[PDB]
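Trainee: Following the hints, put chain B with the ligands in place on chain A, whose structure we already have.
Each chain, written out:
Number of protein chains: 2
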Amino acid sequence: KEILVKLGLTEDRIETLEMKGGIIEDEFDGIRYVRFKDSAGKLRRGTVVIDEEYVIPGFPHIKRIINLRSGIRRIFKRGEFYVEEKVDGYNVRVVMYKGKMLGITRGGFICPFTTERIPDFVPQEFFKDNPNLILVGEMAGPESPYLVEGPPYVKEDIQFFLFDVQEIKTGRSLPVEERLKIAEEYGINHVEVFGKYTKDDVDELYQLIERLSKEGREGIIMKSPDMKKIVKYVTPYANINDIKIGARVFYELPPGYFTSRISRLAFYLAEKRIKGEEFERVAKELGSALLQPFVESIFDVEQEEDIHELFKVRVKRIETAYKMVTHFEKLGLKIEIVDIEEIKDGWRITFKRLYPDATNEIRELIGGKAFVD
Amino acid sequence: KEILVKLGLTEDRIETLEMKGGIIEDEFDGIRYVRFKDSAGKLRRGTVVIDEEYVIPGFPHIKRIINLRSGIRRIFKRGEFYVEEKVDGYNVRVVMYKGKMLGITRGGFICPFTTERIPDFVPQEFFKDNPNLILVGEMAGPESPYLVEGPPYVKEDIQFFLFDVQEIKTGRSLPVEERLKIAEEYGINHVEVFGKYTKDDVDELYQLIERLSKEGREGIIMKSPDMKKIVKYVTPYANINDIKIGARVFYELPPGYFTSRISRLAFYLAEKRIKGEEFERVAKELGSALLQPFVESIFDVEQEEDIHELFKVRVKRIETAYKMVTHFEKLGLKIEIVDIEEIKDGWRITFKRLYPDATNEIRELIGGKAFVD
Ligand SMILES: Nc1ncnc2c1ncn2[C@@H]1O[C@H](COP(=O)(O)OP(=O)(O)NP(=O)(O)O)[C@@H](O)[C@H]1O
Ligand SMILES: Nc1ncnc2c1ncn2[C@@H]1O[C@H](COP(=O)(O)OP(=O)(O)NP(=O)(O)O)[C@@H](O)[C@H]1O
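Taken in order, these protein sequences are the chains called A and B. Offset between the first sequence (1-based) and full-length UniProt numbering: plus 9. Offset between the second sequence (1-based) and full-length UniProt numbering: plus 9.
Here chain A stands alone, though its shape is the one from the complex:
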């Protein structure tokens, strides 16, 4: 049926797509849609199609730079660019559909929890005035369904941070200034905007990256005002911390997870020509981030305990918690542990995530398994 709606754009190559990704599904309240698992033609990974008119493009990759002074000079030759806070949460695309506000996560999933929560952060008025518009933003905070951590200054459950506004079908991105007005017009919370800079501002930008890193914050995104040039640069902190987080589940992750972030550290250290004791300090922190969580996980598997973590979320409607478990099932494996209704306007829900692979590999290994490399 939506196979015709797809034809309104591409061919029987839709059939070639039916092979392994780019699939059908119903929504938070039974709103059937097609999610592009893999990217075909001009429709990116994570692209959602509800109908010919409502086509929410996938959020593109954002290129990364490893050296800050270059890369900046390379990309923003002599132009001027905005520097925004890169917030560590999860990517959310927000649309209004038949009066319903929707939260589309990166993969192209209409997510129950997000969907339920967006209204708290985005006024309905916006879409009433702007049907043709999508909001893109980071959902971030201590009580998050996905990421373990977030910005240290968000004290209670999730918060929403806008960083893009796009029109539908096209997915074309509105100018920075335009998006900032929207944000202020409608009172939508927005990623911090540190200012407009040039390649000539690399020194004070170093200073910024320094502060953010001392504060345990992710890093920055650089944007041309016409939203055509976009690059990410993460802090030393993000790199070491990502390693600390992931070392606890070492065997749940591809080796590249670790080496990539080792790179990014080396390059930082090279670029700032850090040496002597400051270098030692960083080396030691790389060591501990790699070893301690790993070793603690080993002691754990050894005490016959499982590798797990408990994380919390707040909901309006308890049945959406259950809806999450099913949504998670479309990916990982989580179970409920405690409901504290003792929350105004809802319930704090504690989930449990298990890490079978991490637990099994460590198990076998400490069990004395012999293997080939």
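Hints are computed from structural coordinates only; laboratory data are not their basis. It is possible that part of the hints are untrue.
Same chains, same names: a pair is fine if it fits in one copy or spans any two.
[Stated by the list, open to error] DSS-like, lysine-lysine: derived pairs with alpha carbons at most 25 Å apart:
| # | residue 1 | residue 2 |
| --- | --- | --- |
| 1 | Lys-353 | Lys-29 |
| 2 | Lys-378 | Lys-237 |
| 3 | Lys-378 | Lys-86 |
| 4 | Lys-241 | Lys-378 |
| 5 | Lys-378 | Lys-72 |
| 6 | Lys-205 | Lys-378 |
| 7 | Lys-293 | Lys-253 |
| 8 | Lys-253 | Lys-281 |
| 9 | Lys-205 | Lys-281 |
| 10 | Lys-205 | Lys-241 |
Mentor: Relative to the frame of chain A, chain B with the ligands by itself:
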């Protein structure tokens, strides 16, 4: 022609093999042979065939253990096992062919340099007495064509260390005691043999691993006397040092190179329950091993210099140096730099190895390349 000689063992699946590995070639002195690049049937990777009678089986993988107390218990339930020095050099298989002594490296390559040198370490008498036998051993030292380092106690160019004796066609391995007698009968230098131990000796084995590690040595191989049970265990030092060596060419190596050895450290640390300051010390050493060479390689590419290393070997016959360059070409890319004839009975030859990939990736990156993860 040798296609019939292969048929004396397998079928027209030899043709299926002709696809991508298991190939023909001539030797150090034009002795044509077939090298098994990939393993088919009962003939392993690196298996050499000179003719139906002379079939040098490939050296098998040696299984690894990551936890010492277990693994030992798992493999040598209550049995008794020999503990040999694991010597960091390169794997060599030695045969006598029509009066010629041959050095077959792991991959199945008749190696000019090794071939030229074996006579210095293995008496001809041996093969005169034992035509049906192969010697397997580690070639190791400061002036090595392959590995960068070796045992710290080998002061001048390469040395040979026996660790297996096998009969031909079968490749069946002789008992430990039998190989030790051979070693002593013919004066072939052998890997240090620390003793016979049981699972009940883990404590003094820990002490051994401790000393070896403080001495910057690889580790140990454990062998049942009938050579049927074989397992490797490397020192903390080997793990950290392997990281230090590889970090300098970080991008020349698969991420797994680094993570695997991070694991092995974690497990060591867990097993010995190392904590407090001793833990800190190891964490710092992991950090420096991962960062400092990397950073120095970055400063280097940046000073427009190339990532390279100079390594030396000694030869009897100068034309075998050239022969090496061609043999290397069958794999990597090396050039000659200096000949010091000023060596009794030959020449000390300085080679140069380049690392294009490491140099190019670092180049682009410090040049500010923007990329996707
Ligand atoms: N101010 C911001 N502007 C744009 N994106 C932001 C901002 N703050 C946080 N982000 C998020 O940071 C993401 C890009 O950073 P990162 O998480 O490293 O990439 P990723 O999620 O791994 N996928 P990709 O960008 O395709 O490599 C975006 O996809 C957003 O979800
Ligand atoms: N005492 C010894 N007994 C057996 N092998 C030894 C000994 N000392 C050194 N070796 C060498 O050490 C190797 C085994 O250790 P390692 O270097 O981890 O193997 P590898 O090169 O990874 N190949 P594989 O064993 O197939 O995984 C053997 O291939 C030998 O070349």
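Trainee: Now tell me, hint by hint, if it's right for this structure.
Mentor: Here is what the structure says about each hint:
1. For a Cα distance limit of 25 Å, the shortest separation of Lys-353 from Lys-29 qualifies neither inside one copy, at 44 Å, nor across copies, at 68 Å.
2. Taking the shortest Cα distances, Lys-378 and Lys-237 sit within 25 Å of each other only across copies (17 Å), while inside one copy they are farther apart (52 Å).
3. Proximity of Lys-378 to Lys-86 under the C-alpha cut-off of 25 Å is restricted to the inter-copy arrangement: shortest distance 13 Å between copies versus 55 Å within a copy.
4. In the homo-oligomer, the alpha carbons of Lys-241 and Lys-378 lie at most 25 Å apart only across protomers (12 Å), although the nearest pairing inside one protomer, at 42 Å, exceeds that limit.
5. Taking CA atoms no more than 25 Å apart as the test, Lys-378 paired with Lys-72 passes between copies only; the shortest distance there is 9 Å, against 41 Å inside one copy.
6. For the identical chains of this complex, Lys-205 and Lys-378 are inter-copy neighbours only, at 22 Å across copies versus 57 Å inside a copy, given an alpha-carbon limit of 25 Å.
7. When the C-alpha separation of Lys-293 and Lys-253 is checked against a cutoff of 25 Å, the pair qualifies both within a copy, at 12 Å, and between copies, at 15 Å.
8. For the identical chains of this complex, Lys-253 and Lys-281 are neighbours both inside a copy (23 Å) and across copies (22 Å), given an alpha-carbon limit of 25 Å.
9. In the homo-oligomer, the alpha carbons of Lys-205 and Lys-281 lie at most 25 Å apart inside one protomer (23 Å), although the nearest pairing across protomers, at 54 Å, exceeds that limit.
10. Only within a single protomer do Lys-205 and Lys-241 lie at most 25 Å apart by alpha-carbon distance; the minimum there is 16 Å, versus 58 Å between protomers.
Checked against the numbered hints given earlier, this structure breaks only hint 1.
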